[PDB]
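Asks: Go by the hints and put chains B, A and G with the ligands onto chain H.
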Amino acid sequence: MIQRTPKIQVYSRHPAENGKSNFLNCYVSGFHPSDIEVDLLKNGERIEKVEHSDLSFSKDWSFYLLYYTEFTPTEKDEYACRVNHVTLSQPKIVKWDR
Amino acid sequence: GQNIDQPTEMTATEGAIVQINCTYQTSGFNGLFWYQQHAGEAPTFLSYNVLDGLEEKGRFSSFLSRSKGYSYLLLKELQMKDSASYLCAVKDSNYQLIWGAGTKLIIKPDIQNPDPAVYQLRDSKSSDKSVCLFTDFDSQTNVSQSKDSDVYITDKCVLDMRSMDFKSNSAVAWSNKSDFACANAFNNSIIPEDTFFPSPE
Amino acid sequence: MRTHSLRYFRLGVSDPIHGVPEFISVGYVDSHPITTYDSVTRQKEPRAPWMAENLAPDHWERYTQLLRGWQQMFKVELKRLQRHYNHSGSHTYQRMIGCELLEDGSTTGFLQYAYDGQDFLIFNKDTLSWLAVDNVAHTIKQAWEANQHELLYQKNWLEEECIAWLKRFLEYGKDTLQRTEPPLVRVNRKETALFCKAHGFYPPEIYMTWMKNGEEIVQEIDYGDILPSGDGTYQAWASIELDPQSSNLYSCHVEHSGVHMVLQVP
Amino acid sequence: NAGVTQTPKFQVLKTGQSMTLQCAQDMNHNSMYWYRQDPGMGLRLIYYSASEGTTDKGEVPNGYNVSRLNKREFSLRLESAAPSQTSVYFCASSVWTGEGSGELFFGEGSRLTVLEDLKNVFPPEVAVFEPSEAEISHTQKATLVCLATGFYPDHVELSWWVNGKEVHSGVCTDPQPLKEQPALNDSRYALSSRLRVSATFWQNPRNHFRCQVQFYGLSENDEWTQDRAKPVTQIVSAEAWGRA
Ligand code: NA
Ligand code: NA
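Protein chains in written order, with the deposited numbering: chain H, 0 to 97; chain B, 1 to 201; chain A, 0 to 190, 196 to 270; chain G, 1 to 244.
Bound conformation, chain H alone:
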C-alpha cells in the first residue's frame, strides 16, 4: 500500500509583531492513513490548551487538519509543531519561522 507522509506548515494568523496577540497555526495536510498526532510546542514544551479542527478530506483521498492556539509572540520564545504518523520513524518537529 501507498502511505503518504504529512506536510507540516507553521505560521501565524496575522503578520506577527512582538507584543501583539496572535494565533499560531499548524496546518498538517496530504497524509494517509488518517491516524495522526499533533502537538504545538513553546520553547520545546507542549502547549496544553491547543484546539484543532475536525478531520478533513481532500479530493485526492488524503486528509488535512489545522491545529492552533492563541499566543503573544516575543523575541525570546521559540515555537514549533510536532507531528507523528505511521510514515514517520520518529516525531518530526517544524519550527515557526519569521
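Note that these hints are calculated values from the structure, not bench results. All clues given are correct.
In the PhoX-like style, the derived pairs of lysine-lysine whose C-alpha atoms are separated by at most 25 angstroms in a straight line are:
no., chain 1, residue 1, chain 2, residue 2
1, B, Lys57, B, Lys104
2, H, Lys58, A, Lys154
3, B, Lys147, G, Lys179
4, B, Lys129, G, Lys179
5, H, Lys58, A, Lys74
6, B, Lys125, B, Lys177
7, A, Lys173, H, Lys58
8, B, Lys104, G, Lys179
9, B, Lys177, G, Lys179
10, H, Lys58, A, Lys166
11, A, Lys201, H, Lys19
12, H, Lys58, A, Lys78
13, A, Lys201, H, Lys6
14, G, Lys9, B, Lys104
15, A, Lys124, H, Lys58
16, B, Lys57, A, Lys154
Which bits of chain G does chain B cover? Going by a derived footprint, with three or more residues having C-beta under 8 angstroms, they are:
no., segment
17, 41–50
18, 89–100
19, 105–119
20, 157–171
Pair ranges (Cβ atoms, derived):
no., chain 1, residue 1, chain 2, residue 2, range
21, A, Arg41, B, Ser65, 37 to 43 angstroms
22, G, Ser219, A, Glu144, 50 to 56 angstroms
23, A, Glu144, H, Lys48, 48 to 54 angstroms
24, B, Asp155, G, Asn221, 33 to 39 angstroms
25, G, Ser219, A, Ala145, 45 to 51 angstroms
26, B, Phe45, G, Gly40, 22 to 28 angstroms
Where is the CB? At the ideal position from N, CA and C, for every residue including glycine.
Replies: Same frame as chain H, now just chains B, A and G with the ligands:
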C-alpha cells in the same frame, strides 16, 4: 405538500391497450415506481423510471417525463389476469416513498357467443332462499344493485372454464320473500332484449 | 455567482485503533464543512451554523437513519474488497460524490471510490459505466453495471438532485459563501529571494505569480499553498530567486474575485 | 425462497386489546418496513428499520411500536387497539435504503378489525344451490352457486371441493363482499361464488361437490357473554351430489 395522483378506476376491453397515468408534485425526485396488486394479495414490483423516456418489459411499458412530472404504465394485449390495482410511488429528495392511491383496472372479457339468460337454481333443503343466476350476457351489460332491502344482488363475475377455453359473465340474486321470482329479480338492471327467461314450474 | 460545489465524503477503516471510528461521513460546500456523522456518535450533526438554522430536526433525524444504513453497507463493501485483495490488517475505504455549479451556469458531477487512498472505481455519468483500476475493482464493476437502474439513479442524482441541494445550501449560507474579502498583499526580501504574501482574503481561490520585465517564468517561481488563517480567511505566498548579476523589473501579480493587482518591486 | 412471511392473516380485536404482528424475511435484506393500507389512500408508513440496530417512526407512528429483533425479524406492536387501527397491514423489505432503484418486497398482509364490542361478530351461513335444469338443456353447462351470508367481519376464505379435491378452474367468487344492510356501518356481509361444469360432469351421480368457508373469528381468550353461540374461528360448509 407532496401529492401523487392517479385515476381511481379504469375499464378496458380484453385484447386492447390501456394507459394508466400518474402525476406527482414532490420535493425532489429519486425515481418513480409502479407496483401491481391483485385483490387480496401483496403488491409486486413492476418497473422503475428515473430518467426521461420509455422502458419496455414484456407487455408492460413505463414512461417518465421529469419536466412534466408525470408517468404512465402502458399495458398492451390486455388479458383477464391483468385485472388488479396498479400503484405508483415516487421517492423524494429524502429517499422517502410517497404512494399514490392506486388505479383499479377492470377488464371486460370478449364474449364470442352471448346467450343472456336468467335461470332459477334448485332450492336447498337447508335454506329458505330462492336463488337466481343472470349469466352469459355480453360484457357491455351492467348489473345494478337491488332496490329492495330483502333482495340481494351481487356484481358480475367473470368465470373461466379452462378446459373449454370459455368465459362467461354472471351475477347472482337471492331472497327469502314469498313474492320473489327470477323473472323480476334483475328488473332494476338494463338487461339485453334477447334475455332468455325459461318457464317456471 | 462564482463557482460553487457540494461534496460528500465517506471513510471506512477495517481494523481501527481503539476509540477511532470505523466510519466517518462529512459534507462540504466549497471549503466549508456542513454536516458530520460517524460510527461513534451515530448521529448526523451540522458543522456550519447556517445549516442548523435552516434545516428542521426532521431532516437530521431522517438522514441519521440513512447514514446508519450507509455505515453498514460501507462495512460490508470494505469487508468484500479486503477479502478479494487477500489483505490482512487495517485498510481504508473511501467514497466521494458531488457536483459543481460553474459561474457560466454549466454543471459537473462526479462519484468515485478509493482503497487505501488510491483510486479504485470512477463513475462516468455520460457513458453510464464504472472505470476499474485493477481486477478487484473489475469484479465490482461487473456487479454494479448489471444493476442498470442504479446507474441511471446516480446520473439523475448527480445532475439534478445534487445541484438542487447545492443551490439550497448556497442560499442558507450566502452571507458566508458569497462574500468577498480582498487580500492584503506585501513584498519582502529573504536570504536572496522576493516573497510576495497575501492574507485576509475570502474566497480561498487566489492566483499569485511573479513576472520579470512583463514575462511569466513559471519554472522559476516557488508557489506556496493557500492556507487557512483560522478566522474564516486565508493566506498565500509566492517567491522568486533574485538574479544578482543583472537588474530586472520584478512584479507580483495577484488576481482574486475579479480584481487584478500588481506590486512592482523598486 | 419464502420471501417475506408475516402473521397472522386475520385478527379480530376488542378496543384496548394488545396485538403483535410478526414479520420475517429470508432474503438477507437490511431494510424492513411496516405499512397500513386503507381505502381511498396510498400506503402509509407506520415504522421502518433502515438496517439492523436502528428504527424510526414513519408517517403514522401513533398507537404503534416496533422491534427490529434481528436482521430477519421486524415485529409491529399494537398496545391498546383502537377502531381507527382497523386496516390491512403490510410488512416489506428491501436490500438497502437510501438508494434510488431498490424495490420493495411485500408480505402477504394482515387484516385487523378492531371492534368496541365482540357481539357484532357472526360466522357465515353456507348453502349450496344445484344447477338449473333449463341451463343444462340450453347451454350444456351446469352452474352451482354457494352463498355465504350473515358473517362479520369480512374474514372469510371460500373454496370449492370436487370429489375430495379443491378446484379453481370454473370458479368465480365475488372479489368484494356484499353489505346486507348497506346503510349500517357494522353491517353483516354476504358472499357468492359459482362453480360451472359441463352438463356431462354434473350428470355423473358419483360426482360430489362441496363449498367450504373458513371463518376467522374469536379465540379461547376472547370473552363471550351473548346468548347465541360464541363465533370462534371455524369452517362452515355445504355439499351437493351430481344428479342423473
Ligand atoms: Na510514527
Ligand atoms: Na408510536
